[PDB]
Amino acid sequence: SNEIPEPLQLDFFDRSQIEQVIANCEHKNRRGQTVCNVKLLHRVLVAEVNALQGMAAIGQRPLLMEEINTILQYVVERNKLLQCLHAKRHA
Amino acid sequence: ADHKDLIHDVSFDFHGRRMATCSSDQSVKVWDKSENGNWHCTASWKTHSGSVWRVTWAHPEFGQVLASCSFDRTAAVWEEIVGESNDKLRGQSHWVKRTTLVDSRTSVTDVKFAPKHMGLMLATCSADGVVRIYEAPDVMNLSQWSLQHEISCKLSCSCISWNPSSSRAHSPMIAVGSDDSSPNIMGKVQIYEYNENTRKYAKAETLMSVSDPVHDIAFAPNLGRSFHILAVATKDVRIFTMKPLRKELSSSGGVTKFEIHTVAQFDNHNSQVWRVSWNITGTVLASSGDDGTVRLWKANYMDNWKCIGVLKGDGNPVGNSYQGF
Amino acid sequence: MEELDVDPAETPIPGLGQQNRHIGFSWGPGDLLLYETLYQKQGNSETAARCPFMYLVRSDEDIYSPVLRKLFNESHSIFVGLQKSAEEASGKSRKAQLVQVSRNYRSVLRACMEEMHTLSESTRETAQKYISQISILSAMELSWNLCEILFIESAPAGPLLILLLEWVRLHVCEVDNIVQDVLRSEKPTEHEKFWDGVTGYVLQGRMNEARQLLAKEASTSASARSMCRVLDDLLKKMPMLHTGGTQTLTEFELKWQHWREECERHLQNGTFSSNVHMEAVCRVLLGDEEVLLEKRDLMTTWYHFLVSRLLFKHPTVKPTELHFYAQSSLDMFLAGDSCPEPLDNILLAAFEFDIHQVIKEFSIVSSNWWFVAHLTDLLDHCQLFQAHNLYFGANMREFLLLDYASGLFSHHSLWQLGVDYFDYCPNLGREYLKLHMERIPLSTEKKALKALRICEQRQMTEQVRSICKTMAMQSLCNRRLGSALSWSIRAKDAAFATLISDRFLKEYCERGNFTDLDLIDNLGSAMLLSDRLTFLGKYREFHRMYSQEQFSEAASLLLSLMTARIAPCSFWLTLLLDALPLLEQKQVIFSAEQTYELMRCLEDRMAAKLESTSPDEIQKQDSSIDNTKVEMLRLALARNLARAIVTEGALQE
Amino acid sequence: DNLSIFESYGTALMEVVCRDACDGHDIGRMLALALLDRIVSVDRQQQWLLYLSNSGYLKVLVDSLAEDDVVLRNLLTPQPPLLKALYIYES
Amino acid sequence: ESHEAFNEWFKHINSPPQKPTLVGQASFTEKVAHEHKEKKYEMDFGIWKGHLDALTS
Amino acid sequence: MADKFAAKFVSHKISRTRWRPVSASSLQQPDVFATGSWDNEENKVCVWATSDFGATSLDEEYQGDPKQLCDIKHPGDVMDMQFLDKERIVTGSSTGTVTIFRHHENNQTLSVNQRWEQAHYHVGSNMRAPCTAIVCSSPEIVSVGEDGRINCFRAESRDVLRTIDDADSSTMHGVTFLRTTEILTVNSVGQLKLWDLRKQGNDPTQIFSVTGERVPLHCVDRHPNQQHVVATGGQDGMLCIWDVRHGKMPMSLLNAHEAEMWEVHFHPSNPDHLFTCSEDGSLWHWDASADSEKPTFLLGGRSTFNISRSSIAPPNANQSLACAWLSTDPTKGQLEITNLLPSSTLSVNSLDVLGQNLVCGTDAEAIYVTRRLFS
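Chains as they are written, first to last, in the authors' numbering: chain A, 1190 to 1280; chain B, 9 to 333; chain C, 1 to 653; chain D, 1464 to 1554; chain E, 746 to 802; chain F, 1 to 375.
It is possible that part of the hints are untrue.
Just so you have them, the derived chain A footprint on chain C, three or more residues with Cβ under 8 angstroms [stated by the list, open to error]:
| id | segment |
| --- | --- |
| 1 | 332 to 346 |
| 2 | 494 to 502 |
Computed list of chain E residues with no C-beta within reach of chain F, every gap over 10 angstroms [as the list claims (entries may be wrong)]:
| id | residue |
| --- | --- |
| 3 | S760 |
| 4 | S772 |
| 5 | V777 |
| 6 | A799 |
None of these hints come from the bench; they were simulated from the model. We treat Cβ as the ideally placed atom computed from N, Cα and C, and that holds for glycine.
Here chain A stands alone, though its shape is the one from the complex:
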């Protein structure tokens, strides 16, 4: 294969800024790579989105939640394509 991930289309957010924060906040995990954990990721997300405003987002809190979850599966499938590679190499 030569698969690639689907681009994120973030509406509340600036993908450049998210990826900056991602590169800054990813950490060495016990699988041999520097990647931020999903839990840390998501509640950093909630913290930062709460850091600004809060007037009428109350109704859009769903949309915030599904978009957070969707970015979660994005990173999940990033990992999912990743792990295969090294065992491909060993094989």
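Keeping the supplied structure of chain A fixed, place chains B, C, D, E and F upon it in accordance with the hints.
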């Protein structure tokens, strides 16, 4: 008459376009720099009954607001009210004293607004050894102040100064130098930081090696540097380096690990060194003493601080130069 | 790199030694404003409508000189080209760019001195300042070419010396004037300075014109004709480079030594002697220090002394001996009653090749930093260091960029440049840009717009928020309501949106008209970010959809907004008021359940309004007669409720 | 036929091989040199010679012999360093 | 030319029609977002249907 | 009716169509504009609102048809104009009347905020002349006329606040700001003249000319990124690249077009974008400032496109660019030209770009609005 006998305080606007002088004459004069030049007395009026000590101005991002203090046990808050606006003709702009926080039974020793990025507060210190910290819950009333905090300093207040915050984990703090000169009290400057965990100030530090009557304290602009720098003008020239090592996650405002360093020491004024002022980056020093002399300072290739110039207020300044080595 | 102690940055005021007042200042964005305050003494001020005097103290005076801003503009322009190039290549291409841009800069330089000569010839009072500027810029150009050649090209022996002679001549045009003055004399040969001009030509490597004049001298003097022919033959057989695929220094020095031997043999034979001028010339050719030092007038400079010494004794020089020869030249040209000069020390350090001391020296001498920054970036491309930096903070580049940029920021158009300087600051120019854009007193919205795009390219959200809030407040102060509106929607702060939305609401109460209605109609999904604008939009929506009589969707929108419980107390007034046409329905299609929830919410809001006034009372002046309307309207309601229910029950028939 | 394919690759391929032979690694230098020698031993069209002449690679190579001189002058000293410099000069 | 037109028409018709995109809302903002979605859907369906009908005719 | 562009037929000869400024603003793009009619029976100033194509969130859709909100009489023809702010418009009249109108988005009408019934007369004979060019720099407003005098007004003034006189009558074509306090103009002979707004008196303060290549100059604008960088469009279609704040000799003259240059403007949210019109009715898209992203097909000068970072190439010595000030021939100053559209309607005389939005008016009494292929 007014301001013609002595000047008790002079204040400028943010970014610099406006000025004002208050004196022991009980009146205030407000001056405006035309962008075409020349300084013009735009208004003047009485605000209090004692020798008007200080005036400090709320941010232009928060209106043309003056805060004045004196030997009056009281502190007045004047607002600029525009007569007419919206195109044709601008009516006489007038000063409305929004409120006077009367919280004092001694000399009102300093008044100072907060940095805005956490919200704008206001701190007033009195010769009672007490400081009062108000914020405006009302983001629309200019006469509203709720007193969030007060600290009993146990030392008569003389100068207070805010701690710049430029981080998502930095919480602000207050440094206080005391005009006390008793030669049995060791350390005239105290440090109190808002311990977020308790949701209230806890004393972060108090620094020894101080025994002089404190006249001026100067914070470093926060910037990305974790370490902070302080300049002190009491009767000497002191400069200190403060590296934050690490703090307890629940007692951060209570206990602080600061690598504290008496880094620059200059006694060259030979009088009561009243004042220190820094660059907008806090990177060039101007120091004023009681002898009418001011020394200018740059830190060298090795960060070493040096008097780059001497100006006499009781004599003629040293000459300008651009040809050294 | 040594300690740098200096003195004040402005002209001392004699009145300070005349009055003894205190002095105060003001940190601007690029200037320090100085004023006289009354302390260290009392009484006798000057304040009625003006300051006693305000001074704009500025260490960077050079920016306020007329042609110098031309210099600085074209300088950063070439700087832009330089960095656009500098991120891409290295090696031979880098060298070629560096050498030719060195000529570009020096070209702009002597162009500037040309226009400033036109300045000095026109004005005599400022001719002195122009002369000082000429001298300093000429020194800048001289050291400029010097450092270029000895690093940027770093050429081997040979072309080194030719470029040395070219640079000597470019700074030394005395010989042409001397020759013109000699040609002025009625008898050129008898002139004392005739032979001096001949020596000037031969020093400048102008053997063609030297032999042209020597032909005239030979024709004039029969005895000296042989002398001149021998000298011309020697100059024609000057040994040159020897390249058989690679230039050979060995044959070069061998044939030069043989040429020296031939000159000595000519002098001994007498075809090259017997005349004071010719004997002196031969002694100089073989190298004669005391004759050169007597000729110190025609050289006038120790670097010319050095180049003459090398040309006449060591045409192939190495840096290992350049320092010895420079020391000798300095000592011998200063052996008299001549004291050293700052530029003399500068050139001595440059010959010492110590980057640290020389950058120190130019930092001290240079009133400002364009020159030092330019040489710095050039030597950075040259990579002479061992990973050195300021060790005071950041690199030398960032230091000079900051100081120069702030000096620019002092000016209403010159601010822009620092942006471009820090376009190459990887982590810090962002924050410097911050510092300065909260030092600026914005009064020009178009300048604000330029700053807006500037921030746009790097996505600084927070600065945008701050500036938009500030300018919106300026707009509202001028009661520029739509402008404040614009700044607010830029800021994305629904708080202010709602705050001035209240302005809209109460002015609609006062005047009965939709305000900025055109702006209102077309805002998009941002309505879901501000409830007060949500209210206003749904209000116009209702006015419309009722005006075309879609009562069903009218009721839908109304029920939605009441169960949203929208608008403040003085405006649930209007929420209540809205139900009247629905009462006016003489024909209905709504469900019995619909009527239920309708009236449900009607008295629900009724009790809620009773309590919003006061938790057990009402105090609004409108309520009483409004309560009367309440009874009559609910009367009509209940009668229509009987009507609707009988219709609906008959609808089941 | 393969010579024709070489010339079909033209400038880019031989650019690559020239840069790899000039600044590559010892083993790879030997591999490239052997490839070139066997290719030249059968070439009759000399595109390679023409291009290397045009590009001035000969200039940088001959100027590198100045560095060869200095390194070998170091190598003549007692306890010479490893023979890799000798192999380089040999290649 | 007829076969080319048939292929274009067949791909266009086999392309499913535009969808109004509504799922029962629980909040007023959700109704408003539905309003937006139906604006977009009414334009997109109208233009797509017009081109579709031109093609089939 | 739109294809890649709003096409509005108003049956009025279009002179002015400028955005009541909305670009770089709010969270909403421009949709409100001000119009000025010329050679129409009612010489008028109108406010107009354009709606977005298709249907969007809560904006009442619309496939097109921008509509007038309000109109007001303007005596004489309507030549030059600038938005003093979003709410104030500054307009010149052939009768010597310069009017600032306070227009309203709240009630949709224009009100006479200020009217200078008399202004701009050449000194030496005191002859009246029409206000040739206008540019607003709040609070200052700088105007010039074919008299050759310069008038600096303020919004609220009724008098000529500052007047730079002249004894040499000159017909100018366009004006721009070098600084906050400095103005530059093109001249009908290819001259660029500078005056100090703080220095007043007859005869031009300084005059400069195109060297070698000489064509009359019809338009001038300071570059947004560099006001000292100045672009002037001429009668031939030759383009001059300048680095001028005291300069005299042009450091780029590139014979680009073969038709007169009405106006070229910098994209404000992208000064690397420039938009260009010609008399024939053709239009051109420029994407470059000192670099190149588009090609160009009739521009002078050397060099196309840009070198990439990262060195994977044969060992090369490349030379820096030559001293442009040492020559007077077409050289660097490239800004690219793309014929996105040859002439399609009657002669286009006015174009404007605000943010990523563009509008233009033609002699066909038509308004054409574009939003893409440069955004």
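Against chain F, does E/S772 keep a CB gap of more than 10 angstroms to every residue?
-> holds, 16 angstroms
Given as covered by chain A, does the segment 332 to 346 of chain C meet the bar of three residues or more with CB within less than 8 angstroms?
-> violated (count 0)
Please confirm whether E/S760 is truly not at the interface, meaning its C-beta sits more than 10 angstroms away from all C-beta atoms of chain F.
-> holds, 20 angstroms
Reported absence of E/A799 from the contact zone with chain F (all CB gaps over 10 angstroms) | holds, 16 angstroms
Assertion that chain A covers the segment 494 to 502 of chain C - criterion: three or more residues, beta-carbon distance below 8 angstroms = This one holds; 3 residues, not fewer than the three required, reach chain A with a Cβ under 8 angstroms.
For E/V777, which was marked as not at the interface, is the minimum beta-carbon distance to chain F over 10 angstroms?
-> violated, 7 angstroms
In terms of the numbered hints stated before, the structure departs from hints 1, 5, listed from lowest to highest.
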